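Quick setup: one chain, the form solved without this ligand, written in structure tokens, and binding and motion questions come after.
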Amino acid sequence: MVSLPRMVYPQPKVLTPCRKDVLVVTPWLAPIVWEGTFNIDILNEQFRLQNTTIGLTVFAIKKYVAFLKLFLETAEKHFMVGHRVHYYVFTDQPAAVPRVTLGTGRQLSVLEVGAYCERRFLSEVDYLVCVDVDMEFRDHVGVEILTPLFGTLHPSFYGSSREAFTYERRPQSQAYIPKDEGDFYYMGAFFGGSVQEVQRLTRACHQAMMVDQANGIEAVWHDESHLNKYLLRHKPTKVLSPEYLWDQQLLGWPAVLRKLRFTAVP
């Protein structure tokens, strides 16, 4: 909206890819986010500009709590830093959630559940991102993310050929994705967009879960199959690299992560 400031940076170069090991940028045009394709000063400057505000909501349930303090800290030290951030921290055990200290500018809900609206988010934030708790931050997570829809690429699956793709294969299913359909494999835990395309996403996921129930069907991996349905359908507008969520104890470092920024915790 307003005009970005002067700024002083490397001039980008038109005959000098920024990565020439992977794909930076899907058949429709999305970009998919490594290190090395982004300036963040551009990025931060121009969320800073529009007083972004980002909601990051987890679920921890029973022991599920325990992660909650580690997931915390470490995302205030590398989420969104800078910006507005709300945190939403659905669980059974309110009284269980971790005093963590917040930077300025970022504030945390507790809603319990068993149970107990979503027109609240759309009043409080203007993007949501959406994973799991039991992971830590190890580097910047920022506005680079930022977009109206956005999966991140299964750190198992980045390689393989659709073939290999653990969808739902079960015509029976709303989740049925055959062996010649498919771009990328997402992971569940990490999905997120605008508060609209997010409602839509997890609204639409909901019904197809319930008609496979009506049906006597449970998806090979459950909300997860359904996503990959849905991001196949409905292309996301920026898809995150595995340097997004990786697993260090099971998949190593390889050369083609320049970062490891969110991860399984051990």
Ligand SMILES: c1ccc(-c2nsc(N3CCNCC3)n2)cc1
Second form
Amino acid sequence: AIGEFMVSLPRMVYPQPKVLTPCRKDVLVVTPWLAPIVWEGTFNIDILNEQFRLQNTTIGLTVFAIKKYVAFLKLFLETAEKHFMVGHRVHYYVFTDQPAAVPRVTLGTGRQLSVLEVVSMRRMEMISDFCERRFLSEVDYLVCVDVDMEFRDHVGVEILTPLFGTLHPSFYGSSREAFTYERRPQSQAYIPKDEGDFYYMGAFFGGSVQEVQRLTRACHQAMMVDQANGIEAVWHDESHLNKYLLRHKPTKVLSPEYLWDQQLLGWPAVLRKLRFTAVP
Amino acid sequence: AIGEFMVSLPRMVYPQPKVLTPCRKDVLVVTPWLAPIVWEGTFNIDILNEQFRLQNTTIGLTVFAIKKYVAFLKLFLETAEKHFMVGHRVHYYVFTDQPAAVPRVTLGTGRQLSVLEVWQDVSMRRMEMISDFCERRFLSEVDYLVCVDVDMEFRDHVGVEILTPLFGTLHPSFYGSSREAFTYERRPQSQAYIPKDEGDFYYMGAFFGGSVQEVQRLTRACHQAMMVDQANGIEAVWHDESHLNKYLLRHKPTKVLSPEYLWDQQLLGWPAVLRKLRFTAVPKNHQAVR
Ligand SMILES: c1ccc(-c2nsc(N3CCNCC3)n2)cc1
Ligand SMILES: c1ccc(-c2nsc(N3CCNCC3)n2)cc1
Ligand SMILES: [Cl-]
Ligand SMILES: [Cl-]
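Having seen the form solved without this ligand, could you give me the form solved in complex with this ligand?
Time for the whole complex; same chain goes first.
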């Protein structure tokens, strides 16, 4: 569940935080609207784990595996079992056109998988629709990702919050003018060159189920009006996700540790961990 | 109001956050449970003002002005009008035994003052009174409650950057100290007991707050703990501050305020880590205190 009030923790012993030592001297760890930007070295996972365990937190994870993409499911699920929200309740939602092609994978206690029988406009619509049909009653937080990926390292409760976006690996060090936002004023996704905090990737976002429903519905509705006007945003649902998060500031921002492609972009020093990466 | 939804912001033009530039290189700006530690340089007040203003945020501010402490009210209130939550709705709650001594002060639009006329010691009384008035009035009247000492003046901005479900403030004597040096209550017989191997920060009892419901929970819990100590003839070394520290140890604050928010320059000077001295102690015989 998601309790209204602060959790009362048991006695815990861990290293004291040091006020006169920054946790990172190389990166920004809080946004100008006071949301944490999640990097290795910013959190004590034992404290967070206990906070979330006490609320009996359930996390849903959606992926779309259509056509040849069903081929990525086995690696995705096996690595999720090793690295995603381990120790917590997880409900995987696999959207697919080939239920019989979904691999048999052994799941840990408190973890389960549902197959949902079935383009970017549609993904937003479908997520929103299934939030209303079932995710709202079944999980507390919903995380939405691409299937052609593998977990290489811990991705846990540190990301959970009402609404989060993830820094796109191509733009985390770029000025706003370089971000590939939709730039036509006719588009619902329009952002001019003097606006923008970050460029978020469409491949990893989430939050409470209700905030995710709201984001995905808003993006779908915006795509529909754009379509009526003969417009398709330059990067489709990702352009709309960016517009949504510009106006509705996320309560956490995930660093590119959470979405990387080592083949394309190597391994810059600011990344102490590569947690979730593209599969060749 | 406080909404159960992300607030939608209008077009605003402000400097882009820079992912590869730390906002501070000299201090910790986020706790290990991912709560911001608020220092000048960490926030853009334009964005925060807009977020809170669009929800018509109302902030209650409590002070206890008993006996001779009523003399501090004019300076406190006049400086709060200049620097506390300017641009937002504010409800001052003055707990006093001398309603007639409360000064006449000019208040801005959307700012109101209420005078609350006041078997246990005083610190217990303060926790009990705040908790009781949360139930009686604050829950219906304001969104956030901020509880401070009256012998204080606002010298610089104190605004919506502090607002969050629960916050405490770093005590100026201890922000650079190891936990073993913290003056927590160390007697295991006390409900405020914290052993040498526990503790994140030493919070000061003179500035805490949060949503009304979280402040009600905190003050009730502290009062109940003090009553248990009382039964056992125990008085925690630093009274309500000791209990505040125990509570915030077990219930992590969702923001922590740096010592910019509670300082005494006569005692501690002005260390380089402080860009602003926002809210400062007022000497007993200050010219504005009468
Ligand atoms: C430049 C452009 C894209 C990327 C990039 N990294 S991961 C990723 N995706 C999208 C496809 N599904 C799996 C997740 N894309 C990196 C650099
Ligand atoms: C050592 C001890 C106390 C302080 C200290 N700064 S402000 C403050 N107060 C308590 C009295 N009411 C006004 C707020 N006290 C600083 C260093
Ligand atoms: Cl606008
Ligand atoms: Cl001690």
